[PDB]
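One chain is shown next in structure tokens, namely the form solved without this ligand.
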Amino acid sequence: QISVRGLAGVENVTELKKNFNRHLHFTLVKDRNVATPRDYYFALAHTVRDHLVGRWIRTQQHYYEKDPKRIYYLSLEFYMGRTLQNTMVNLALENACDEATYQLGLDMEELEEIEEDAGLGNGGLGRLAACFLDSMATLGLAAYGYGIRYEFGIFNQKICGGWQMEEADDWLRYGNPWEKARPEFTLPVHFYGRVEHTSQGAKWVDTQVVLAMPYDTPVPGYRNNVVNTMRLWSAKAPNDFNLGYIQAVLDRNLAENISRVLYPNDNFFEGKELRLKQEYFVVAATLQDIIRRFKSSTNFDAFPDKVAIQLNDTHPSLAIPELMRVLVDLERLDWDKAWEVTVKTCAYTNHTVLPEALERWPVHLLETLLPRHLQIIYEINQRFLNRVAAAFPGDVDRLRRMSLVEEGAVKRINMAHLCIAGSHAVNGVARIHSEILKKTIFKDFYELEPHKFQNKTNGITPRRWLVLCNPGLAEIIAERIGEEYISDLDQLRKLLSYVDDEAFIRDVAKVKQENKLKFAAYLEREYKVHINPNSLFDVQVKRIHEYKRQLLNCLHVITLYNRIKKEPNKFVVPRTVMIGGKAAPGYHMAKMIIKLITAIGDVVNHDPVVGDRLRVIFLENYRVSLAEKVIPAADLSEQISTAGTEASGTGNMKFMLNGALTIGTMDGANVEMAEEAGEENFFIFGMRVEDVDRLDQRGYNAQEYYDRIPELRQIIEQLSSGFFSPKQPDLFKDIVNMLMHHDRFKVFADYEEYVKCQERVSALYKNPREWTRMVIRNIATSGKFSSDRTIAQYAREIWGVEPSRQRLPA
């Protein structure tokens, strides 16, 4: 079919066919006469899995013999999505399998659609972890992902009457062929109890035990025969647990609840006990595993030469005092030596700046749950503050600002402070974010230890986010510059020499149009909704939060609507405006925003005077598999967070790679993206960070904008008076109230510039040749945003290991 999908050699195809039939018969216990498409999917998945395992066993064997430094990536989230196609791509099996299935009378694309997303994350942070695992394997690093195997991942979103409803994501219902249970490597985790001081140091006693059972999933690198491991822990009760009889057995559920469900909140901290248990559970089990593997190569001086532990935000921050606990209490190292080892082993990545996102755990929770860890934390704090006092003598306010312990009605532990003190490296996730960290929020820490602070700008894997989801674009690129760019994305820069090539312009535009038709058809089939596929596809997909300003997009949409109603017989560039994303279940304002988006659509989409010129669509249940469909179909990428709020973004990079132009603020990685493509090839608008600060100094008054902008005033009057909610006229009064009086993200302040910038987008879209030339300039400069680049930087500058592009033997 296409070149970038590998060879379909006669013998490979024959062997895949016979193994497919072997798994259908023996593994699934089905004959051909009763097998459903789901059975056929599983037969294929098992067939493809068999090609992994030889490489998996060999890879892990090689690491045991060579004993390289090991990288442990600790995260509460891994948003993996589907595995079947990714595995085929990485093993060069895609064309052989397509042919093998074709010859059995099956359509492989249809079978790929049956696979559940592994939805073990909320959004950007969890998906970054997934991209990183892919890049680590592709770069030959001896890396392990460690997390929790949630029984229920991110909820499935249904819209009922324009409102979000949540349904449990029962992703394991039909089984997971990709994982292997390893109950033989089960480990104990302790909770509660009390601390006893003896002659022989501290002892943690009278604890409740929960077992941690590992499940291993293979992580294949791109065509290098390397298969790394993601190890996810599941919670099990011990068999003497509570041991009338019947009730004791049913109460085992209380222990197993720890790994039941992913907390569905992106960028907001909720201090629940169950969440703290999850955090300790993953840390405690993972560290025992790390230490046993280190001992099976008494001396912990070499520990940091053999182990790096990367903390994906503060969620696994308890790794720091847990490592200290093990080294001091169990291994009997003195404090100072243990601390040296811990700091050199641990590194911390920060992913936010909103004060409500920082983890600050009440002391009373830690006191009850993890009394030994609280003691270690106080000791860490005391020694740390002795260092601050010696460096800045007399600076008493600095001491309370830098403390790990926050004073107040409730005493709290600031986990970010703990991470900085206990790590040899601290990094933000985009250059502007890393600067903000050292200038404002961790300024005091930066002055004490400037050498700790780094930047590692985020990236995305070009395997999933180009080759897999946009094979048409990958192919036309491969026709011109070959295949090496897939594991060296900087080679896309060669495409600048095709910017005036008429054939390439035609092909880039044709691929986009095919992707748009394919997506428009998908909308009709699965959701009974029609769209004009010649319209500009204006897409904002990401989790729903105020700082992302889905509401600013809504204001633009209503502006275009009002303009059309005012001058119906004037030409305007047709648009399909698509907004998608999940709201956290407890977040009232985010749920109201979803309702507003669907309410706008109810008016706009049924106005006969609008025609097919404007459509507003809420994309239901946005998730990794839906991103793989909509991103290649997009013309315009909306990246419109208030400057200083989006730490990086990664969706922005996915769109850039797939031939959409970007409208956005100078926020997060948008700054670096514009810098790479040239500002003239980007639709930049709005306040910069400095402009936001100036506004905050004199005070943001929304009323001033309302008074000066007639078009904005009209929209606020329509919202208030019930134009978009005739049966419930006051339905949106909280939104209006927030915008006029309590808007932290300054929606009105960027309105005017956003609308003007949107007119420039429309003007360019009228000239397809120039639109497409600007697209080529974006794709061609997207190379920096490969996660291979990000990971190579972590490896050299933080972990002290060298990446490799060498094949292991097959």
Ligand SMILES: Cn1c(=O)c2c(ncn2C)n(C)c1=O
Given for the second form:
2 protein chains.
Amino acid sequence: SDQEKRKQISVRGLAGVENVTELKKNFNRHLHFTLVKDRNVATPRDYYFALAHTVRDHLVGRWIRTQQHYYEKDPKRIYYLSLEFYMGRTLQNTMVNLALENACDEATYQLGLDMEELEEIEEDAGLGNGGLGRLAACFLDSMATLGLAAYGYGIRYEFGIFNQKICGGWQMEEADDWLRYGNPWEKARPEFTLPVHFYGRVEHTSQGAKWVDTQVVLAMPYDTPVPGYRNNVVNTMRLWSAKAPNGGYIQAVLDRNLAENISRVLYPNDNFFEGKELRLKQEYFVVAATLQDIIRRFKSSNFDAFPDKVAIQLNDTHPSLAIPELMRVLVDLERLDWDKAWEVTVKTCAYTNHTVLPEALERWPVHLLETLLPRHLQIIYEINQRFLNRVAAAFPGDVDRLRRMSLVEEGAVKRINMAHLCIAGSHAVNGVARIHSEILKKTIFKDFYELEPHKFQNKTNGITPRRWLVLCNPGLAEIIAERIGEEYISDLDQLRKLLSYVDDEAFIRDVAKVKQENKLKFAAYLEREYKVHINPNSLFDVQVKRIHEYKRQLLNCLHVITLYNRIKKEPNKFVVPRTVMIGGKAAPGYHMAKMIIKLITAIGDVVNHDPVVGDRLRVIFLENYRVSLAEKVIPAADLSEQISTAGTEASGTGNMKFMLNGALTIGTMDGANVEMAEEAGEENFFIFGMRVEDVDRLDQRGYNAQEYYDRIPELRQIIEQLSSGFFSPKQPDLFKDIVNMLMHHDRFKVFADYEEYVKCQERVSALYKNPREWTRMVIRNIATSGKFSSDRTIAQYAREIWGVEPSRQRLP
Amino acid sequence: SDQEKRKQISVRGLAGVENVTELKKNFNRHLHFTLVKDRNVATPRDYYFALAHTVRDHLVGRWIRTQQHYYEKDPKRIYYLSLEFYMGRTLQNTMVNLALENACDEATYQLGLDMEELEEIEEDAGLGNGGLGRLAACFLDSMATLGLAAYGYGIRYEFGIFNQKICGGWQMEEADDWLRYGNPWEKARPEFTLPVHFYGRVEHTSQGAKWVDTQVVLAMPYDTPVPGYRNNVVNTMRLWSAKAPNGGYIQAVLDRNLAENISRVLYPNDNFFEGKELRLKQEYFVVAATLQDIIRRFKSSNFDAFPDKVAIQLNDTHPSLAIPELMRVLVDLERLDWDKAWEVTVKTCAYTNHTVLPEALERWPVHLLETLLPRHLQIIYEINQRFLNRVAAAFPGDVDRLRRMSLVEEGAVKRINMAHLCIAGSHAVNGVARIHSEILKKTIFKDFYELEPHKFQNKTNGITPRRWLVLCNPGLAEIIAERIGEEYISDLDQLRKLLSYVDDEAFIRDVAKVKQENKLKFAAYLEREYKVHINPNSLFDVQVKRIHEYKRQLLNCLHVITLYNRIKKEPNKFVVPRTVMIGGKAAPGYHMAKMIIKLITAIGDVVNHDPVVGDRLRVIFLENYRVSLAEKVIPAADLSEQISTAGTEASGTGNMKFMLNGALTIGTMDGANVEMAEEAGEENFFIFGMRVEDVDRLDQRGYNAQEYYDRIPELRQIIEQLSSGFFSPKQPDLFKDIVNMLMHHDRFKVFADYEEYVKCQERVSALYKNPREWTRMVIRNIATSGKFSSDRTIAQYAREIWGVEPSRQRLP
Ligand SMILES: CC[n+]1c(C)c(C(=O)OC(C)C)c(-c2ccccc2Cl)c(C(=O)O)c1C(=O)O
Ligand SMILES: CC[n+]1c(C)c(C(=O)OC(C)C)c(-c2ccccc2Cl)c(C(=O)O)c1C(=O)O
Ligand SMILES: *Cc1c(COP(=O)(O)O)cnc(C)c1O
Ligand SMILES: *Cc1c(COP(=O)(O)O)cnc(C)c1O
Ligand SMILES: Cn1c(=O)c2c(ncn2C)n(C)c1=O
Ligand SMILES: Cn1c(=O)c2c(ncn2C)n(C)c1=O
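For the form deposited with this ligand bound instead of the form solved without this ligand, what are the coordinates?
Following is the full complex, with the preceding chain placed first.
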């Protein structure tokens, strides 16, 4: 009796067995009881919510069963700490991974509703800036699919990356109020709310050190379920929210907003460091809370065993404070000896580097750290002293090496090099692509690689074949399925078997049919939502990614102006029709990126209205590029632009998405482009321009953009057009800053790759003129994209870093 | 087909038929699917939520059916506009009104859970300061129970009235974060979000006037269901939330908090005007949005008929801007002629006055109104000019009357008298108790009553017998039920039949048993939650209400010190044991009220620890008095303190709650005390002190507190104790401000009612010495409390103001 009567309370029976009858029944239940509405007044969004709740209900039993499982079994747990999780929409992905997509589709049909229309109501969970944030998301999905006891820990931003609008040809930012109508996926967990301390001071009592007189901010966790692919595994992504603890009474209540501002907005900086204190607060916030929850879970089924049960993976140096924080807790609170604590920390943490550009790396002024986190700065200084002590003993007399490896950067404003802190405190540091990992060992991390070679590894990036194929390209996924089955969805290497169809007329006809369907659908979407008309019988040339100087959208601009100038030159000469699409957001305070977006639209203003050009060349800027737009435009792309200056793009992932969806790649030998060309065969790729050693040689003697301007008539014509106001009649000097940078301050040598790029583009159109051959080369790409599935990347992290074994064994 | 297939989507079948089996089934469903939890990790609060969701599900079918009904039938709609709705908890009230209390109680029993424990997890929706806010709440409940198409419109405050804590004997305020774990009762309605304009300017174009260049703030409505008593009627309370519309990008996103601050906190001022701009914003916010929604509903099944379909009731002058706003919309937007629009407005609005104290009435400086609401000030000036024109024609030559009746108050700071605006723009102005309504006609509103006598009415306040008897006092409700049935719950006048039992030994034994049970329960609650020990065999003397000078808690203080001094004087003389309880909150910036709370605890510090006093007299301050605490302490009260200075308390409602729950009243002839004494018979009451005419006479010759001090030795002793530091040893002069006020600046003549009060208290204890006679007099009170049920008050408002007929006919 009594406590035995609570056995009734169980997950035992849910909404049935996963079919149409019960699904409709539950959709109805949610529409009336959850939305307190009826068919007469239900709005489309209401219907979207009804469906989402019905679908989420299917997650619960598995969600609870999975966490119970990890508790029972107690496997080593993997913690992915990141300040970004670019998740995009969840509805379709959840249905796909639970195998409910067809049933929901039928159920909503019989209820007279259109599921596709409803799925469009859901807005992106854009809690990320780009690559790094999307990778976290692909990683969550792969770890679930691989049966890993993995937890994604981040910040629940009230406002994700701003929604971009184009006004007058310029980018205008708008707050991304994504939680306005609520979030059907998350589940708050008040009982797990934790305190995070700021400021205060440090007093050294008999015992040890004490952090006193601090300002407290509470961290409330919100759980979102992450389902593996049909294995009945549902993992958790825990995002922390800032809550105030509990000039007059009124103002004091209004001021609660100050402490809760911590989790308000995602800093919109992609590959750029801004040392704003609010950002440092967000970083410590997610770290402190996350570590408390990790230790709690560790204590609930001494610290010697911590590394055997815990793996903390740092996505960049953003959550690097986890290293000194873990030490603070172990030494200050758990009273462990410094060295034993240090051993534990290094064995627990592993750091992932995502770039090599100096401006993108974190260097926090010490004054900011001493006022905001006094004891962390003290611990960092002690970590430094003991680390430098080791290099001094390993390289006696090498004082300059000491200076270069120090965690502290002397100068006008003393700063703390976060990347150095991570290497000292992690047992593994990794690059995200073979070429990037190698550059790390030879350049920026060279000193460290010499002191501890074992520490450095490579983990080439990936994307999940679920969201990035099955989800976004059902057509491609089905034709691939009719030939080789469905086992590829969680074994992408099987795509290899498609090579056997390179000469199959049916498959060749199918691949091209699917691509043109997607191109048709995307064109319909653009005209409906933006009243933008694009020629579906043109070659879709697409470059989507954040606007950057290093990504060289500018190089792409030079090419489209060349295409236009050549046409005007020889109007009656035939050219492969092209629809050049460029999309991506610019960080708010990044002037040049904002100038580039304006140049793109400026070019379009001329090109798209020239009667002699007509249907032959259209240049359009895809507004507000985000995960959901990527799922639409990438499957409709013919040519994938991946033209970053060699050695600047650590890896790239969009490149992989394009390859997996039937697009041929034109790019440099940079990041993962190198490994993609190796997998398909360079004969099936469109590699061009300088190689890393080539830019290095150019650097040694000096890059003089004037030389290329003096030597290339076609290039001179374009710059003259830009300078003279040909693309800005009403404001002639509008692009002077772009021209000036190109001519005298181009760190990315655009002019130096112009000629080879244009010629390589000629060969792309030459191949496009032959559909059959274009299609056959596409096949050889898709068939070799298998190594770029995040399941492979994750399996390597697991076995080579975390020390855990992946598994595709389903749960009941 | 197609649209005929959507007929399936219906409320048709819910969680069954309202019994234990299905209830458990649904509680379980909610615990797993709604809370994403299971029995192993479910927290008590989780269980509280599970139950609340299960119960709320029972509301939906009725909720939808009721609104559908009003749409179909299209009755005249009643809109209750108020800046406060003191709703307290909803769980029990919902169960009670739906007749699910027993089933839920059994269902939770079989699931091994304790419903009472779970109900305590829910916190108060304290969106009110006191009487005025509670009245709105009682009114919502009565209008539902009476089958009226009524809508409560207010502001969804993120923070209700602060939670009061006592530290060092003083009140400390804490933000009331009532939405922390969510609100299971409300349902947001994004699709009904509306824009509210501020600042800007007015330009007069050909057509008319235009309000341009304004700052916009969005108003998102949240619906809470309000169930009638077992009639299947569920009405709506719509509360608006502030949302920003859509120094750098980051700061701009953080600054969204400024516009959303509008609905952040409830101003904690009870009976006091503070002209803060943020308050004016809240007032316009609720008015603008509410009126847009009202006109929408009016247009969706010309304006001549507006008054026949709409009734806007102003709870005080807080939402008075509704008058100029309705004119603005009708003239500016709907282009109606001024006079036709004015006719419409007056016929639509009716104003309710709640006080007579000058400091509690609204007078907004014109400079504040011209910058924040330029066109409203213009419309107010035009309303004034035309109103003054009428009085001038009705009283030719009376220029001073013009000056006194003007909506504009000249002087250093020109201001707008809101009360005057309401009288000019309402077809009915009403007081809240017979004596109050009469004072209005003779004093403050005299000029207006002379110009338009038809306009002035009285509507004596009430409380709902559901929350205030059935809910809070099940014991009393049951014994009353076993004698006369249950029809009284919605026909309180039936309580009259209890007079027939005044000499029934069974009933007399029962009434006293129920009261002692409640006294026992309350004592248990106080010791458990506050480790406060109270003698259950003492007479519970209780004064709970907001701390005020006019409510005279100070007079009560003088009495308890007298009780203590008399005991010390004659230690071995027998005295009726008393537990004097005083509770209530002080507005943050109200010094004297804060000094009073400190004096109360100070007195307790001496009294409660004097060994010679022992169990004979205990003085305790009930911390954080709110609706839920009222439901606990009032049913356990023996003596109800209602001692405001005659003519200051417009009506009071707590007085009614005490009478309905078996407590005898000691009070002045003020507010509704007068009508309560009339109903029970003054022989069954404990009326004392000056009458209105007595304070007026004292005012004419001047109030000299020194006279009473010179003439009353016992009074002199107390003041000497206060001044000398007897109740504040460590800080001798701690209460000098209280003494000084009493001696020379007492607007409420405490000293003048001291003697009669003490003597009247003697007669209370004389009666308490005779349980049988005390109980019989209690019976005669409860049996005559029937006129004070809000159902009666509401029925009068309906028939005499709104022009609609109440009804107890159930819906299917
Ligand atoms: C006690 C062991 N855990 C387990 C079996 C969980 C569970 O049943 O979760 C289901 C409701 C999704 C889960 C958990 C525990 C308590 C409150 C809320 C959650 Cl969510 C966690 C966690 O940290 O999240 C566990 C852990 O490990 O400490
Ligand atoms: C179209 C007529 N109304 C009606 C039958 C309602 C209803 O079915 O409500 C149920 C979901 C609780 C209700 C309504 C209408 C549209 C969206 C949300 C609500 Cl809530 C209202 C309202 O203003 O609240 C109605 C009104 O009158 O305009
Ligand atoms: C994949 C992805 C990225 C990263 O793209 P790269 O071209 O590798 O820089 C950025 N944004 C979105 C929305 C993505 O889906
Ligand atoms: C009824 C009520 C009031 C009003 O009480 P009065 O004594 O009439 O001033 C104030 N506060 C609460 C919590 C109430 O329930
Ligand atoms: C110079 N600069 C910036 O100023 C910048 C930026 N991203 C954001 N900002 C503000 N990037 C990438 C950049 O190179
Ligand atoms: C003088 N005074 C105040 O100063 C006050 C108040 N309520 C709030 N405040 C700030 N009351 C009722 C009051 O009489």
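For clarity, a rigid core is taken as the largest C-alpha set superposing within 1.5 Å between two forms. Only residues modelled in both forms are compared. Positions refer to the first chain, counted from 1.
Discussion item. Could you check, with the core superposed, whether the Cα atom of residue 803 shifts 2 Å or more between the two forms?
Written reply: False for residue 803: its C-alpha shift is below 2 Å.
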